[PDB]
Amino acid sequence: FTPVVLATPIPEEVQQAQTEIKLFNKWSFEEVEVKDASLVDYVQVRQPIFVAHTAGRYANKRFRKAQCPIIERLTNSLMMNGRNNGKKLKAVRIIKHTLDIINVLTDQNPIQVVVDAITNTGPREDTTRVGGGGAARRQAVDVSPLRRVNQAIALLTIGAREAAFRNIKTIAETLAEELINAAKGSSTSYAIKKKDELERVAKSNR
Amino acid sequence: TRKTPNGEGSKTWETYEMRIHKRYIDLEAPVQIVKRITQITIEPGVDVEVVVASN
Amino acid sequence: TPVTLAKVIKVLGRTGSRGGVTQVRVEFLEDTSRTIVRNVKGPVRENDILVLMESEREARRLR
Amino acid sequence: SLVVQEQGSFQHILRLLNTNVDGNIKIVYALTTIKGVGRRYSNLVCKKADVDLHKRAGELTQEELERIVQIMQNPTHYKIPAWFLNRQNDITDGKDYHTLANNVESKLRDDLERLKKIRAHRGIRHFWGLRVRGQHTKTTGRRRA
Amino acid sequence: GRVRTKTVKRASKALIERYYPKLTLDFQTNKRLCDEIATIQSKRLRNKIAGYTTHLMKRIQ
Amino acid sequence: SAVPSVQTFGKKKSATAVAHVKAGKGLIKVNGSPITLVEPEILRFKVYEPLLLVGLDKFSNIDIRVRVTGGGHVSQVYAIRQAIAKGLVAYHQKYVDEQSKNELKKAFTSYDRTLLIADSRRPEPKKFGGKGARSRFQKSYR
Amino acid sequence: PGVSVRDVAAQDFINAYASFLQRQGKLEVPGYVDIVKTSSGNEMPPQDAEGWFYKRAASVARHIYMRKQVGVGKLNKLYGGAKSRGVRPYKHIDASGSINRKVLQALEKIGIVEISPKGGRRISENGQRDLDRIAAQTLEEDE
Amino acid sequence: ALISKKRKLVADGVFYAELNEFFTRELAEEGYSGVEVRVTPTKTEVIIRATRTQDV
Amino acid sequence: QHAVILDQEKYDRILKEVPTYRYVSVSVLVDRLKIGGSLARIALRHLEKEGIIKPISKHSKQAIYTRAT
RNA sequence: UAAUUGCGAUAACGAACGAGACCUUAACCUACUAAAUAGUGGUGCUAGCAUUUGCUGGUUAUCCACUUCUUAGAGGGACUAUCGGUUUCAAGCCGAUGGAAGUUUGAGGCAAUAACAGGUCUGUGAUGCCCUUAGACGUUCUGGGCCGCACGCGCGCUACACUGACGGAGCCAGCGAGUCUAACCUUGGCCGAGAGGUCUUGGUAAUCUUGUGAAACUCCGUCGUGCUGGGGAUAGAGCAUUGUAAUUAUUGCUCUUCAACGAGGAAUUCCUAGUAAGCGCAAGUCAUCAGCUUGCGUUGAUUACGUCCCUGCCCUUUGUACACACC
Ligand SMILES: [Mg+2]
Ligand SMILES: [Mg+2]
Ligand SMILES: [Mg+2]
Ligand SMILES: [Mg+2]
Ligand SMILES: [Mg+2]
Ligand SMILES: [Mg+2]
Ligand SMILES: [Mg+2]
Ligand SMILES: [Mg+2]
Ligand SMILES: [Mg+2]
Ligand SMILES: [Mg+2]
Ligand SMILES: [Mg+2]
Ligand SMILES: [Mg+2]
Ligand SMILES: [Mg+2]
Ligand SMILES: [Mg+2]
Ligand SMILES: [Mg+2]
Ligand SMILES: [Mg+2]
Ligand SMILES: [Mg+2]
Ligand SMILES: [Mg+2]
Ligand SMILES: [Mg+2]
Ligand SMILES: [Mg+2]
Ligand SMILES: [Mg+2]
Ligand SMILES: [Mg+2]
Ligand SMILES: [Mg+2]
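Protein chains in written order, with my numbering: chain A, 1 to 206; chain B, 207 to 261; chain C, 262 to 324; chain D, 325 to 469; chain E, 470 to 530; chain F, 531 to 672; chain G, 673 to 815; chain H, 816 to 871; chain I, 872 to 940.
To be clear, the hints were calculated from the coordinates, so they are not data collected in a lab. Ideal Cβ placement from N, Cα and C applies to all residues, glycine included. Hints are supplied without guarantee of correctness; some may be wrong.
[What the hints assert, rightly or not] Now the in silico label distances, taken between C-beta atoms and shown as ranges:
| # | chain 1 | residue 1 | chain 2 | residue 2 | range |
| --- | --- | --- | --- | --- | --- |
| 1 | H | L817 | B | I239 | 23 to 29 Å |
| 2 | G | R760 | E | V477 | 52 to 58 Å |
| 3 | F | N561 | B | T218 | 44 to 50 Å |
| 4 | B | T218 | G | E715 | 23 to 29 Å |
Whenever a hint applies, use it, and build me the whole structure from the sequences.
Below, the structure written as C-alpha cells:
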C-alpha cells in the first residue's frame, strides 16, 4: 500500500486500512446492496464514512434526512429515553459493538445486516386515523418509502431498548439480536411483530 | 429585574445593561508635552487617568 | 402473494381532516401503461416507489 | 485469575452477631445485613482483618470470621478512627462506642427515651410521632406510616 | 416569507423610471449607483431596494 | 532563519483550533502530543480523515502544530480536523502550485463534513418564561 | 528517538509509573490510605486500596510535568467530581487536600517534584528524566 | 478614592440622577430642564439649563 | 439463583462447552450455564490462557469473543 | 404574506400610525488601524528525551519581527444572489448551484388606535378621602410568629437502575463577578478523613482568583437483576462553619437507621435545529441557607415541513328584541 513514513509514526493498520479503501469502522462499504427496491435512494450506503458521528444538518430542509447514512440514522435513534439523550458517543460505541457481534454470528456484512433489517420491517401499508363517523373506523393507506425507513428504526430500536432493560444483556447485544431477527425476519423480532401487525390492520378495514 | 411593581400577572423580565469601554495609549514626552496632553484632550463622559511609571 | 411497485408522477394534495394523508399519482413501474390515484400516510416525494398491497381499490378524498 | 473451586470449604449461610449473614454475597456487602455495619465500616474492618476482599462471605475460615468480629466490636483498637463510629463521645460515660447488632435498636430507644424523660421539645416530637428536624408538615409527610 | 414592502417597491418604480439607462441587470453595480443618485439611510434598505429594481430588470428586458 | 510556515484555524461551536504548517519532516501534533493519541477515542478516525482524503504523502513535507482552546470534548475534535484540512490548502496556496490545491479542495469537499467550511450553528439564548431556548415552563390554568 | 511522556498514552502511561512506584517501595504512603475516599464528594473509598495512591501519585507527576506549576488546590478540584447530595441536585465538590498534599510532599522526597516560584510544584529535572525514562519503556512495549 | 471602574461609572450614574432630581425639585419655578457634569482635572463642572436662569 | 464459586464439575462444563459457541460474552455464560457474571469475567480472562477463545474487540462495556482456532 | 405584507381587481385618488424600516445580539473578513493587561514565530538564557539536525519544556518582558488565532474601532458582506420548476407566467412559493450566512439570516429590544372598575395605597418624602395619633394603628426593645398539620390542589427535586451504580484514570467551556477610608473575589505554603483551620499572596481587575482543570462525558475495573452495591427519605451520635443568638435540627462533614419507589389511573404540560432533552457553571437573593429565577455554555438527537378534526383568535357573511352589550 506504499507504507509512507513521516516524523510522527502513524500505524500500519491505520495507513493501509484507509488510504486504499475507505471502509467503515473497518467494514466494507462497497458490495453491499439494498435487497429491496423502492427503499433505495433512502437507505444511504453509497457514500462511505469512518465513524457513525457527523456534524450533520438534516433538519433544515424537509428531504435531507435521507442523505444522512442509514447507519448514523440507526445510531442516532438509539440515544433516546431522557437519561440517554445526547449521548451520541455511547451509541457509536454500542453500534460498533452491535456490528462486530453480528459479523461474528452469521458472517456476511453487518452493514448489509443492518440494511437487510431496516427494509423487512417498514410497514408497506398502515391504518390512518379517520373521523370514521363516531366510532372512528380505520382507513387503509400505504406508507411513504421515507416512513418505511423512519418507523423502522423507531420500531427496531424500541425493540432493543425494551429488551435489555431489566435484562443482563447490553444494548449492543439485544441490538445485534434485534437486527438479526429482522435482517431475516425470524418473526421472533419485536419489529417484525410490529410490522406484520400494522399491515395486518390495513389489510382488514379497507 | 421584573417589569412589574409587585407580582401581578405574567412574569415578564426586562434586562438592562451598561457598556463600559476602556482603552489605553502609551506616550513618552518631557515637561510641557505632559500637562498639555492631559487637558487639551478632554470631553465630558470621558474619564482620563495619566500614570507616572515603574511600580 | 403479489406485490405492486408504483413510481410517483404528480402530487395531488393533502386529505384527511387532520391533514393526515397525501395524494399522489403513481406510474405502475413494471406496467408503464397504467397510472392510478393513491393515498399516502408518510411524506412522499416525486419519483419514489410506493408498495401497494391491493392493486385495484383507488379511492379519493378523506377526513 | 480467581478460577478456584473449593470443595467443602464453601459453606453458605453462617451466623454472626445474632444475624443471618448470607455466604455467597461479597464479603464487604455480606456483612452489612447487621443493624450497625454498613458499606464503609464493613469495607474497613475486612481491611484490618487481613481478608482478601475479592472473595465472598461463603469462604473465610472461622479464623477470618472471629478476626473480623473481634475487630468490629472493639474497632478503636485496630487503627480505626473514632469518627468512623456511630456513637462517639456518649452522654453517660463519655467514651467512644460503635453499637452494633441488637445494640443499635437499643441505644436508639434509650436516647429517644433519654430526652423523653426530660420532656424537651425534640423529645415530644418523638412521643407524638412527628418530625423532629423542624421541617414542613403542612404539605408533606402525608399518607402517614 | 419574503415579501418586500412598498417603501422598497415604491423606490424601485422610481429609480427604474428616473434612471433606466444607468441601471443594469446586475445587483452589484446598481448598489453602487444607489449611493449616488439616492440617499438610503441603511445599508439593508439600500441593498433590498437595489435587489428589487434588479428583479424588475430581468423581467423588464 | 525563520522557516516557510502557514497558519490556519478551524472553529466549531466555542472551540478554536489554531494551526501551524511549516516546511518539515512530517510530524502532526495537537497540543504537544502526536495526532495518533487524540483520546476522545471513538472519534479517532475523525481527525485522521484529513490525512486519508488526500494522500499520506502530502504531509511528509510539513510539520503541523495544533492547539485547541474552548468548546468541549467533541467540538475540539471537529475543530482540529478542520484547522488541519485548511492548513494543507493554505500551504499549497502560498508555497506550491494551484491545481493540486483544488484537487485537494476537490477530495475534501467531495466528502466535506465542515472540513474547510466552518459550521456556523450556535447556541440559542434562553428566554424568560422557560428553562430552555424554546421550551416554556409548565402552565397549569385552573 | 527522543520520547516525552506526551508521546505516551496517558492511561497506559499512568498505569505503568504507578507500578514503577510500588516496585520501588520508597514512595511514602501516609498512615491512613485504607480509610479515605479521596474527596468529600465520593461515596466509597478507592477499591484497589493497595495502589490508588500510586496511580494518584503517578498521574500527578505526569500532570505537573505537562505544565508550569500546579498547587494542591488545583489538584483538589481536578480529582474532585460530582456529589450526590441526596434528594437534591448534583454539583462539583473539590477533593481531599491532605491526600494530594502528602502526594506532593512525598514526591518531593523522591525528587520527582519540588517547590517553585509562582507557588505550587514544578517538575524536577530528576523527575523530568524519571518520567521521560519510564515513558520510553512503555513506548517500546512491542517486544 | 480608588474604586472599581465597574462601580465607578455606575456610582457616577447614581450621582447624576440624584443631582438631576434635586435640581428638578429645588429649581421649580425656574423651569429647569436637565444638567450635565464635566468632571475636570481640578474642579468639577455642573451645568444647569433653565428658562429662568436669572433666578438661578 | 446462579452460581458464584466454581463447583469443579461446574468447571467441567466450561472447558467442554465454550468452544461450542462462536459468541461468548458476559451474558452468554450467564444464560446457558449459571455463572454469577462476576466469575464470568475472570472466566473470560481465564479462557484467554492459551487461546481457548480469541478476542477481536476488548472493551470495558462489552466482551466480543468467538470460537477457538 | 409571518403582516392592511403584497399583486392586482377597482369610485376612488393620494396619504399618516402600526407592521416594515430601525436597534441589539450571534454568525463571515490571511483587507485597514493597533497590541507587555491578547497571542504567535525566531532567538538569547536553561531542563529533559535523542544524540543525526530533532521532540518536548522552562525563563514576565534577553533581544527582534509580526497580527493567523484574541479583543474592538473603521468598513466591506446578502439582495432570499445565479439557474431552473412554477403561478394572472403578477406578487410570490418550491428545487438545484454557489455563499459564513438564504426559516422576518437565527434570537431578542421597540411597538399604533381603543379597552379593563385586571394588579399594585405593602416601592416611593407619589396622592385624595377615611381612620388613628402619647392605654398610639407612631415607634423602638425583649420573646414568640410567619415553617404551626387528620387533609384537598399547583410548581418542582430525586428516582425506580446494566444506554446503570460505584472506584480509579482521562479532562473540555461560556455567560459572569470581586476590598476605602475597608475586610471583598482569594491562589498558595502548612494543618485537617472531612467539613474546615492557620500563614502568607494576587487583584479597584483582558494583568490576580481563573485555562474559573464544571458536570454530563471518555476509559480501564468492580458489582451482576437480587426492592441488590438501584433509591436516599426518616432517625441517633459526633466534628465544624455563619452569626449577638441555631432549640422549632441555618448550612457544611463522617458513621450509623436503608423508608416509599418494579414505569405510574382518568387526565395533562412543553416543544421543529445546535432545537427538544440530559449537563453543570456564574448571576440575582445572600452574615448564613437553592431543590427557585435571570443567563451561559458542554453533549445533542426522533418527528412536521402539514392541517382545521379538538381548543382558541382573525376576517367576512347572516341573525339580533343585546348597547350596563349572553356575567
Ligand atoms: Mg448495616
Ligand atoms: Mg449510635
Ligand atoms: Mg431563562
Ligand atoms: Mg441552554
Ligand atoms: Mg474535573
Ligand atoms: Mg473523575
Ligand atoms: Mg441524588
Ligand atoms: Mg444532574
Ligand atoms: Mg398599508
Ligand atoms: Mg412606520
Ligand atoms: Mg507579549
Ligand atoms: Mg517567545
Ligand atoms: Mg450548498
Ligand atoms: Mg381593580
Ligand atoms: Mg411585600
Ligand atoms: Mg410559577
Ligand atoms: Mg448510591
Ligand atoms: Mg465515572
Ligand atoms: Mg440498597
Ligand atoms: Mg447514606
Ligand atoms: Mg449564590
Ligand atoms: Mg424566589
Ligand atoms: Mg330577520
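**Prompt:** Looking back at the hints listed earlier, which ones does the structure fail to meet?
**Reply:** Structure breaks hint 4 only.
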